[PDB]
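Only one chain is given next, in structure tokens, and it is the form deposited without this ligand.
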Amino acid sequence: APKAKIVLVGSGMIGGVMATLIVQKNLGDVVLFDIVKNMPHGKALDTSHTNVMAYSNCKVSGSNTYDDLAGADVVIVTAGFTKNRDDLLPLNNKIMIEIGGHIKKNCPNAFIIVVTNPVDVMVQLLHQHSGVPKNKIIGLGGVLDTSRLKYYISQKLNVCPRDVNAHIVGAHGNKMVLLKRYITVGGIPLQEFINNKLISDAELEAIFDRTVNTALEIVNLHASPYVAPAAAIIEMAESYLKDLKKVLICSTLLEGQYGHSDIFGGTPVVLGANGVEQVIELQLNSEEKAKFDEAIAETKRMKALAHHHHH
């Protein structure tokens, strides 16, 4: 096998960090694609020199040509308008449709990661127009949202961040379902730490609200989230590329899980060489299911608005 070819469809801030991390990790050749003239060539050039510092040997190329999708193993889609918000849904639908046609033609066996918000909508639109199998396309959501929850808890408890495990399901956005019952610290139920007064229920509520609102908190601090999104996406991609079979929460086609079909939503999946190798259905109680249902309903509402412009 030659190296993997990884095509970043969108070379904005998240793209730039993704390119950086791919080279750090020597994960494959990178194409920074964008519709903006020359900019992706400039970022690609800058990024390419870091092969020296990293002792890697990944090519990093820019592209303004959709045909450069040919032979892609992994396609990561960040392209889309970001600036009410529902008015962007049909514009972004058109972007998914165009990208999907190019994936179908040029790299129908690629594994596809969708980032364009609202991701649980956009991923399904790209699934439909790209024609790729359901195990070959996913959306970013839970790895990112849970990194925040895990991190905040770990700082309170003074433990390694990765030793906090947590589940956020349903959708990526304001209807995300944070599951207190599925939080552990070093594999131990969070409740034990609450029982010991090491962290309180009230503190946890504050951390939940902070988790849901983190993107807004960052924007209100005159920054914007792109470094953690990039890292989350690269964790997903790497699991696929290296057949690590990590359990990672991602937006995936539901086929009855949680009572839902014909829609994408956030749930733990196992990512390895065959893409989505397993879809894990958490055994939610009725209160948790109700919240899952609200997340799905909101994805459906926005999906309906995505199809069509009106005068």
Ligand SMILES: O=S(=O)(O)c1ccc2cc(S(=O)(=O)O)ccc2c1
Second form
4 protein chains.
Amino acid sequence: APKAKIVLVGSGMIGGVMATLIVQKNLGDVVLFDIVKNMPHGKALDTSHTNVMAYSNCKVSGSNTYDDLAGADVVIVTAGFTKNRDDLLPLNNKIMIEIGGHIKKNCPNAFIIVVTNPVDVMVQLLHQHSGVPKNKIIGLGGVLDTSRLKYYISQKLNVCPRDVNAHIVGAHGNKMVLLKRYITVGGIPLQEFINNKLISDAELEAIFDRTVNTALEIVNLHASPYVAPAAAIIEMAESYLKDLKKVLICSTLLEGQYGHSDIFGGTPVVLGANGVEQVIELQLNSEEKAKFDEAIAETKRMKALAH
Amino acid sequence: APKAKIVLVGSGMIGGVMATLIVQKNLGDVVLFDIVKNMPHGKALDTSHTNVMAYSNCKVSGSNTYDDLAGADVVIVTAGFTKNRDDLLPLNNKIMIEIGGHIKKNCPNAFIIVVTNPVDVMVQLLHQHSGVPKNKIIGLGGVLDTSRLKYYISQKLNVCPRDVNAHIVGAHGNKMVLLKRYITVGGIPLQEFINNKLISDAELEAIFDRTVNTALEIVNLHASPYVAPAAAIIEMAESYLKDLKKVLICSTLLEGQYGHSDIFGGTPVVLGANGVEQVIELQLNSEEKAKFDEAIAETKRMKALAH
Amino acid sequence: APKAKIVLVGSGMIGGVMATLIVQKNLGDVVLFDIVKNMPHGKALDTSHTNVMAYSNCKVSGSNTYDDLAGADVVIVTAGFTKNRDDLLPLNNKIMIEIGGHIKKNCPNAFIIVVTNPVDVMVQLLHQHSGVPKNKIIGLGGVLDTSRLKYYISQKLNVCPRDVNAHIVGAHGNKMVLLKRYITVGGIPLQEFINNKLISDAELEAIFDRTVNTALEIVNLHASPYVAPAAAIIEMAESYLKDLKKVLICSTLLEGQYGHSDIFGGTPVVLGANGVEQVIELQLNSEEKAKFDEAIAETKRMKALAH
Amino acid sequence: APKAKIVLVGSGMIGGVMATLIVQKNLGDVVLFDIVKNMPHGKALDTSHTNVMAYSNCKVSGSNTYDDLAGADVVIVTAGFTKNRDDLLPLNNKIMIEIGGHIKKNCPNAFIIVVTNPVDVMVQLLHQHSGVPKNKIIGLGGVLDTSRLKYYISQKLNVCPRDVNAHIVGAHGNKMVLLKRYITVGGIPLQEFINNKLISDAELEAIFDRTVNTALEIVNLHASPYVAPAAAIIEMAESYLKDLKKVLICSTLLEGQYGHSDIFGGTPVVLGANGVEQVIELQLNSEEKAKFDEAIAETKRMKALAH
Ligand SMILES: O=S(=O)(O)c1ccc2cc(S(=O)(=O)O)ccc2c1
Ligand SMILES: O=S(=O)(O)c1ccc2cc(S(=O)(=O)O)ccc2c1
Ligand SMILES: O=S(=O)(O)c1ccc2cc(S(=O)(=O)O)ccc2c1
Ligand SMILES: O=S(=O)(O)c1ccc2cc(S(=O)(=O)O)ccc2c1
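I've shown you the form deposited without this ligand. Could you give me the structure of the form deposited with this ligand bound?
Zooming out: every chain and molecule, the one shown earlier first.
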């Protein structure tokens, strides 16, 4: 059908919330692909029954066959080793290479979202091996990182979480650049709320640290982050599929923005029917740019080790 | 039932989209009240059948009896003469008085939203005659006025309409204060988009004029505005009912904000389970404040004629 | 964009709720077309601002130009004289002819939904003059008529309205065939609820009469039916657009079902990406079929007068 | 807040999709309670960030303290040993006893949904130890079991999954009673589709076996069922919270229906603001009743071993 076909390359925990949310939102047919035998068929089966509860009609099928990438409109890549961090780099590069090959053969016109960490590295590797246009591949980062910052501020301020807006750029991971100057509450600069003593500078510094360290905080609580990563990816995928043209911070190919080329980094983009319709370059000051540069340098360091 | 009871005092065009949207959103039971015999029963009947299409369960009933205000959780007032403008003032004051009396008797604990124009005048009159607390009554203005500004900018910029945020304050009507400095696009100050030549200052001045004159533009096109007014009111009502704590610009009692007391004017407020949970005072400069003052003066002029 | 283009040929009251609901549901871009100068531009403007409140991104534009049918994915026809009934027949035939011509020229691949009454007559006339395939054009009837029956029963039984299912076939209008034997409550035959004394046969006979006479009841209450007609049409259009494959009772071309050919009549169909994917023929008994025959005869009588 | 408080007693896989869906649907504040230290705080944190993506405002908090049951409006019990089956019975009885004690002390007015298997046994044990009224506690079964049957049929018939309705009664588990006679497609008896050769009797027998064995099929595919169980529970909880009055098949206290008293079994009930508002007794024939009796006997056998 002219229903979108959404192929989830990797059927782990992120894959399993993504499938669930696609059905809840009736976004398209789903393929849960994985290298593990049968498991994705089992998850797919479980998930398919929710069509009833949700009043939806999305097929959800499992796959242990790469050729099921054929005809995909959207491909979401979570496959990769997670278990030092740097030693995994060349192993995951191999995974990106193999997936990129299959994308180039089976669905060269697919919109691709990469999640595999370190995302700003893996997304470019997949970009290079899949051959897809620069506007048709992006990496998960800023939507997810900002959800934490937005949420933490909204709880202090007692407002709707979505009413806090905020920008985190450069890279996903420990070098993420939190931009205090670009935080708003109901469209109003956060500095007004600081001036008013509704939230203090010291509080915000604790929230910034908490934001950066959230994955680690969840892992030390003996859980792992996958629900919010999944919702963020679906917000991105949905903006493409429904041509919403939402402004969403994602890892995209830089061509001069922030003084950087030939690298992917986190910046606000507009996602619509044509993929990345606009790359928005924040007019950073020199102090913010210095931090952006550190993010890019780290991405470059890890990319060099990936080969 | 512990379903909310929502009483629409006035069952005209705004009333009829409001009832429709309450059912679409399953927000609560609806009473379409009006002084016109039977018409609200007819609209209510029509609307009730949509429960099937929407998978909802909201009763929708008509009423020609004020005592059906009893037990209302939310009351929305659109009743009033619309057909000079100033001569209608004392006539609509009489309507606010009569409604306020019935609210005080039948539902003193209701959250009240006033739409009747000029809203910043009528809302205070109803406040005074209903006896309800200052945090439990508000007027429609800024949500609706900003929807126009946000929408027009979003079309120029090719972004999701909701991703433009903007503030219009002071009053509804021709003295509305559009604050250029408080416009953002995906949380980013609009000035960046001006610096970048994505939108010009002259364009924005045309959009500001268009925003102010939108009711008149719709009326000269031989229609009348009621769909968006209705959606805006429901966004407000929904924030209260579901305790969303959205930041929404509404007419509320001023107690010193902007140098003004003992008057209602448009400002961002937070709407939650406790009504107006926060009144947010924008840190306006002297030039913006001068325009705010003109808005208040006009409200005061018309209020004096209402008595 | 690959957003659907939905053209509403007729921008009256039904047209105005349809546009509103398309935006609420983010279903596609909307054109409000009408022969009345400027009015559809005014309604379209009003409606467009709701994109903000709804978090949607659908263009809503007015049109006084038939060529704006070009590229329509879905066309919904409400245009026609409403103000005896039979004398309007040839006048509305002329309207169907003119619209069909423009559909054939501008959007031969559009899915068409006809509302203009008497719908079972007008839909076939449009079918003949537009040249579209039999699976790509349908008429509004059963979804709307059954909404009333389902709703009235659900109120007596104190259950979710959607949990009552029911079939009304043959034609829209006074000859509609209500099939008692095909009513269920939560999938359970209604006869069990009658056996149990939760609802009586005499009650159901009053509900059947009320269902048939609902348009007239609304009109005698000094309103007119347009909200539910609009929601029903959007349920149909949405099933096509999103390939839901809902079972919905609509006027469709009969090719032997119920002993009838070369005529449109109300029966359950399945609406998906391929239009009418299945025509379902209820296995009526001779008594039910006699009533079906009367419905068809009346449609035929009026069709003969249309030429 | 007058937001509902929903306490999930057990924060495993079912608990984690339930929390996610409550936020997606903005249904109320969530507590993920578990005996495992910190894990529910970690899941709760992850889940809380989705408020941003979903435009919701639900708190999601973890808890290792039973007294956080205080003020719960809805309590959902998934805690229990899963790893023969009968040997776990007295162990899980102990868990129901401990939970029931805390419910009686902290939230005697809560609506309770039990999931712990065997559900028809555990729900009655919790009923007895919590002291709550018979209309305020139910067990998960029929909504979930029928989702499978409805889904499998809808795929054969190429219709919207929700348009298949079906009844499975008696008990959850291997003795579930699938009632062929109560299956409909778009409200039309399934036998018509059999008469028409759209689906065969032998196909349906394979689908019935598949339905019964679905948990086992998922487990043999190296997954486990938790997504659909979660969606089904939320459909139930949502019907209560929003007073939808949906007809949903659940385990409830029998007081003579089907010839059975002093036992819980699966039957259609109506869930609204007053809990179980109606217990609906299907008018089973002697052959269907014999199978119902076997279901009850097995529940009774296991209940006897639980003490
Ligand atoms: O590249 S790493 O493996 O060190 C890495 C970086 C960022 C991450 C973010 C998350 S998040 O989903 O919590 O944003 C989870 C795991 C991560 C791993
Ligand atoms: O007070 S007036 O009658 O002049 C007045 C003011 C503002 C208005 C705004 C609208 S709007 O709904 O277009 O915002 C409609 C009618 C209005 C009438
Ligand atoms: O053909 S008539 O003009 O007599 C006719 C038939 C059925 C109708 C149904 C409705 S309904 O929207 O109430 O179903 C409204 C007007 C109608 C007019
Ligand atoms: O009581 S058992 O442990 O044998 C039992 C019964 C029914 C079940 C149903 C499911 S289901 O979630 O697949 O319906 C899962 C586990 C189950 C365990």
